[PDB]
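There are 2 protein chains.
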Amino acid sequence: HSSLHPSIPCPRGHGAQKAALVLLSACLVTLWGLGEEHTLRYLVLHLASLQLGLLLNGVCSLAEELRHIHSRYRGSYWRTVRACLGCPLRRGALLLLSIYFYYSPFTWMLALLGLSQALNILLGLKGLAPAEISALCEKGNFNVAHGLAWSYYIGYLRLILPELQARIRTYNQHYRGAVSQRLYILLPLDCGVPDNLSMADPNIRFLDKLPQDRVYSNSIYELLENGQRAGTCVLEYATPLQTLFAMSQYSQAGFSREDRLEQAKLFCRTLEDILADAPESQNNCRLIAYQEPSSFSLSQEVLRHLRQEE
Amino acid sequence: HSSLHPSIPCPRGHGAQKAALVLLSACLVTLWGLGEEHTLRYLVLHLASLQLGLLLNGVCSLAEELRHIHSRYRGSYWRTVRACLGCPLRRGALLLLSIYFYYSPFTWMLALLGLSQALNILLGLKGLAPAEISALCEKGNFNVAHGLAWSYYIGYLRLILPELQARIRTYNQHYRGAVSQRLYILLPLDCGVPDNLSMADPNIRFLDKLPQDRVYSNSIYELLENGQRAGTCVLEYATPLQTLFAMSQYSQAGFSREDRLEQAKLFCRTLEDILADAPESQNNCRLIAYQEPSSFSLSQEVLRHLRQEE
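Protein sequence lines, in the order shown, are assigned to chains B and A. The first sequence runs 3 to 38, 41 to 108, 116 to 186, 191 to 227, 237 to 317, 321 to 337 under PDB author numbering. The second sequence runs 3 to 38, 41 to 108, 116 to 186, 191 to 227, 237 to 317, 321 to 337 under PDB author numbering.
Check each hint, because a few of them may be wrong.
Given that identical chains are not distinguished, each listed pair holds provided it fits within a single copy or across any two copies.
Stated by the list, open to error - Here are the simulated DSS-like cross-link-like pairs (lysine-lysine), alpha carbons at most 30 Å apart as the crow flies: (1) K289 <-> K20; (2) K20 <-> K137; (3) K150 <-> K289; (4) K137 <-> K289; (5) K150 <-> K137.
It should be emphasised that the hints constitute simulated quantities derived from the structure, not laboratory data.
Could you build the full structure based on these sequences and the hints that come with them?
This is the structure we're talking about:
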């Protein structure tokens, strides 16, 4: 229990599976009504016919995973097969057990299963309950990309992006000076965010403040390509990406450097979708989702996005 | 597509179900090998035997949902049955269609299904693929309770809670004055957060600052019970709860006042679990998860938690 308020739900315990012992016993107190007996033969010759269906679902869902294998699975085939089917060790042990039992019209008996499992997912019947949907979604304690993208747009973006173009031209009309039309939001996929950008590259080393209630001290950085001013624009890291970084450095929380490469591949995607919904903000700021491999320099890919403005 | 970087995965399209048309056609180009024919009879007399299993799973999972019906479903029985089974209109239409077809050993034929669906969830075979687990979890754009609880503990709690007891005794040794041992974090379940607490109740009306790099201007409030100082403690609202409030006032985002009563019933739970993991913080701050119904006064339930300290 330990609930601080009666409205707040306790986490879901094992009350679901302990009712299955009752359901298992209820069909097994029928045993004398069953015994007078090849009922163990028809159990595994039925549980094969479910386990082909989950196998045929993993085959059919593998066409979707194949499109995103490189982005999601770094170009590896074996991670895609593991993601498509799951843990087949508990399943395949029931496969090879069922081979012996029907050994003790099979070409038709596969033709019914592939026909059934096609219609079972084409008419949308492969769909859980809203309890089971909210069971596993409450199970993962780190589902932390939507809560960080939306806290960044509500918290920091929508409070600074309408008033940004005012401070751009004011710093431009004070200067002489050249200022980029929109703010640049860097998105390091490795989540390594330094507090200063002057050590991220020697090219970026610069600082300036801007005039404007809510004190937001944005910083303009100069991109010094081969010792020459190739572009003066405002750049700022993603503040939720330090949150994903500091969660991996919270070793009590089971947050790896691989979960940190999933949410930072998702928060960088959902933030584009949030900025695509707001009309003015999509033309107000540009996201740079740079990832450190090989060697590179991030001052080029800023200037990839900066030169294409004009 | 529209991907800003090749590592970032595009959202999952309909490539999964369009491969099922191939699987449906592959078992249906076997038709002359099937036709020479009651194969439509054995399709629905098989798809009943899957649809009893999903029905028997919803019956068995209903024992778990019943424990949390009041907290999750406000004490309503019909919302619990809808959450346990889902949308039975696409399923029950295949139920009553299958009644006519076997009409055109049933007591045993139910005894095998309840035996099978018990073992199918007791040996953990009711378990999806990590693609399908990450399919629906990417589908809900508002999974925003873990991303707000963890951004509050990493961002604001762990930066102010170690240095809190220093500022409590310093404001106490400057005074005369009585200060509570730990900071109080209010959690309004209706997400209605005013910028001042003096209008939340007339009892709370007070303000003070505290001495201390990171400027965090906490505010101490006096609880004036019947015009008398019943307790002087520091109280502050949940800043992620204004985020859940402002998302509902973003009408382009499909965020209702019912989703806002799920994440604010979850962020208030996960924040307790995060503070339970950190050893010093659990004895450093106390969460008050008050919910406005009926009439009430929140200055009492602060003093419920304040008087029990000593």
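Have a look at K289 and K20 and pick one of within, between, both or neither, based on CA distance no larger than 30 Å. between (38 Å within a copy, 26 Å between copies)
30 Å Cα threshold - placement of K137 relative to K20: Classified as both; 24 Å inside a copy, 15 Å across copies.
What label fits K150 with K289 when the C-alpha limit is 30 Å: within, between, both, or neither? Result: close both inside a copy and across copies, 21 Å intra and 15 Å inter.
Go through the copies and call it for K137 and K289: within, between, both or neither, with a Cα cutoff of 30 Å. both (27 Å within a copy, 28 Å between copies)
Is it within, between, both, or neither for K150 and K137, if the alpha carbons may be no more than 30 Å apart? both (21 Å within a copy, 16 Å between copies)
In summary, the structure agrees with every hint in the numbered list given earlier.
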